[PDB]
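Take a look at this single chain, the form deposited without the ligand, given in structure tokens.
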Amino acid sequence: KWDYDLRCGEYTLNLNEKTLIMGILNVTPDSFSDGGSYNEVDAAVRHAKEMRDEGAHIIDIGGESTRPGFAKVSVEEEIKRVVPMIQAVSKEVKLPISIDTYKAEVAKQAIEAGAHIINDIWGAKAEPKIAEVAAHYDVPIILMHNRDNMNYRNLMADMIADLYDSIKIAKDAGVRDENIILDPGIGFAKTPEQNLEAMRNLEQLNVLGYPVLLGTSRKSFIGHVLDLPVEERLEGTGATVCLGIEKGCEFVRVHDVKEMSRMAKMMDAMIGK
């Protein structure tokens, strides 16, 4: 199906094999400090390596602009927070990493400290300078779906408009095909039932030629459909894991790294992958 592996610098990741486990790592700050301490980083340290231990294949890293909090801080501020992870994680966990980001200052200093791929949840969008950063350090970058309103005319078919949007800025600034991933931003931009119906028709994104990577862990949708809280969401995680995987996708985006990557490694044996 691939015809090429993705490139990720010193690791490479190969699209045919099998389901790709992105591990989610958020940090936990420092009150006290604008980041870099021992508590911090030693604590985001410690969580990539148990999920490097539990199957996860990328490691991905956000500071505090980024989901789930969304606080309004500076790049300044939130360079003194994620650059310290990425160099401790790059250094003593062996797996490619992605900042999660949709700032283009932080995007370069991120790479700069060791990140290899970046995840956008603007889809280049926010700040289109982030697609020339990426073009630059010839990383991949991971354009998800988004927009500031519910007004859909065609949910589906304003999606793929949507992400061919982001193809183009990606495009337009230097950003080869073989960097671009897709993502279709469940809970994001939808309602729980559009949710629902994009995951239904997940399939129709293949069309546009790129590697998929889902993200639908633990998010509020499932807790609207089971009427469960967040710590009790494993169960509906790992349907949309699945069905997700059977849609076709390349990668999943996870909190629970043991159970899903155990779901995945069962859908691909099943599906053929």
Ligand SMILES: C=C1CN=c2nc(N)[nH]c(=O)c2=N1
The other form holds:
Protein chains: 2
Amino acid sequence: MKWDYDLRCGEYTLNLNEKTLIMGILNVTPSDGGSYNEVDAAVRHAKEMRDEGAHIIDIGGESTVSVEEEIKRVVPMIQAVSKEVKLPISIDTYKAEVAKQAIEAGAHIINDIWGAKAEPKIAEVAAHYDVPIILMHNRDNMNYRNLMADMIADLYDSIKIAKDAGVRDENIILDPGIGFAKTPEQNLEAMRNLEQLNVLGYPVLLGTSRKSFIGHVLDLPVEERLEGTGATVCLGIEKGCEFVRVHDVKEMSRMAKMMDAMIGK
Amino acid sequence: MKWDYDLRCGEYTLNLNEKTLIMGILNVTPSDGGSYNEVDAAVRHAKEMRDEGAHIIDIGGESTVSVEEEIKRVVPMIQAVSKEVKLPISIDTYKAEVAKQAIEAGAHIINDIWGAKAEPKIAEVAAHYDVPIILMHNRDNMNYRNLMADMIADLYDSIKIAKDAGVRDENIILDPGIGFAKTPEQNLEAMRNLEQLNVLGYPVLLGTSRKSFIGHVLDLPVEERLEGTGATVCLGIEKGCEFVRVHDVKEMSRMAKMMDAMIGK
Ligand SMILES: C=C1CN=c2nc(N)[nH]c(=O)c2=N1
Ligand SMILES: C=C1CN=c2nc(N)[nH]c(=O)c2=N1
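Given the form deposited without the ligand, state the structure of the form deposited with the ligand bound.
Starting with the chain above, the whole complex follows.
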């Protein structure tokens, strides 16, 4: 057992020794906000992902708009899914106010793509509601002295803000932030040296699903990036990742399960 | 450059530093031996595999019969493919006489699933024709003292026979023999410690395509073993394999290509 604690998420509890845990991306196709077609399509997609081996559902407004409206979009979504799919929900925002709404709508984990640097006040919410927060590596420039050395550095400045906010060590997950503020070549390198994040002593989540650096290597558009995704997930798991964040849940679940058998997990 | 030599295969030459090399399994659906439907279906399958990223074609009589007839089956096959698909052909036999026929029919590499222990005389043929021979780990029992320690041992006894036969170090490839004389649990372990084969200083080829230990972990019949295969191939490549032997060439080629970008190859 590398991990002497489970991840506590209100009603559900997630073990870190047993299997690589799969986070299924829930999209958000919007058109005022909350109508039947929107929330219906979201629900059967979450249902489908539960059915195919997913352990968490990640609900994200945006991708790549009004704070007051982001809530009106995403609140109803969480209310429905948590009612209809017994599985923890994480909320993909950086905005403080948004997260508060979501946990109170039903969400269980915060997923912040700016590692509490976008709105420091987020970490406080996470602290106040006692939920597990994911801190992703990001930055508004790409001028690294040393890629990995700087990642770990910036990730620490994230932990500093989390910890000073009241966040317990046991609710902290880290993310190398594949695709964010990194060239196609830099993304390959973070993948190559992913094991280093382990020295920080926190669970690590890896999000490479369908991304464009896969496209740059394989020369293949988004709908043909399943195998390349596979590869990222397998190399990830072998380097000690605890979660992976993917679109193609069925396929990626089976690959995790093989890797798991193989590496001893 | 780990390898200071290329693999010489008559007309074609295979580099070991550039990419993980893909060996595409050619099946052999037989019904007297040599008719139009048989050799036709074999040819377009080899053509298809060339098209999808394969570097070698592996032609095998049997799977899991008369020596005089095995030749009559498999000779015409090699004659056709080498004429119609510019790509080296390996011949999946253990039998001495069979191999001689095949190289003279056109084949370029020997692939012996009994590592020259089945018919020592094979290694001599390989020596006489100067072709690269693959030596797979096998044995007619499964009583290991220490799995990996014994693998390497038995693999050496293979090299001993090869070398005493005249086989140059530069024409020797090794294979852990996944699926052969190993329990589902033992196969997981060989996968886990695949890097050890590297201490012998030879290129390594890995054959796990669609195999049943994948089935035992995932609980899935043969036609649903693509992802599990993926995983074996990726963990393989990361542990330093030079070739992989797969059925699903298109998919496995893209995964190799990702792994290759990622690990630095
Ligand atoms: C494209 C995205 C959006 N949100 C993400 N969130 C996390 N935690 N990790 C990712 O890789 C990620 N990629
Ligand atoms: C099922 C088979 C038949 N021939 C093989 N040959 C080699 N070299 N390696 C394998 O894994 C293999 N598997």
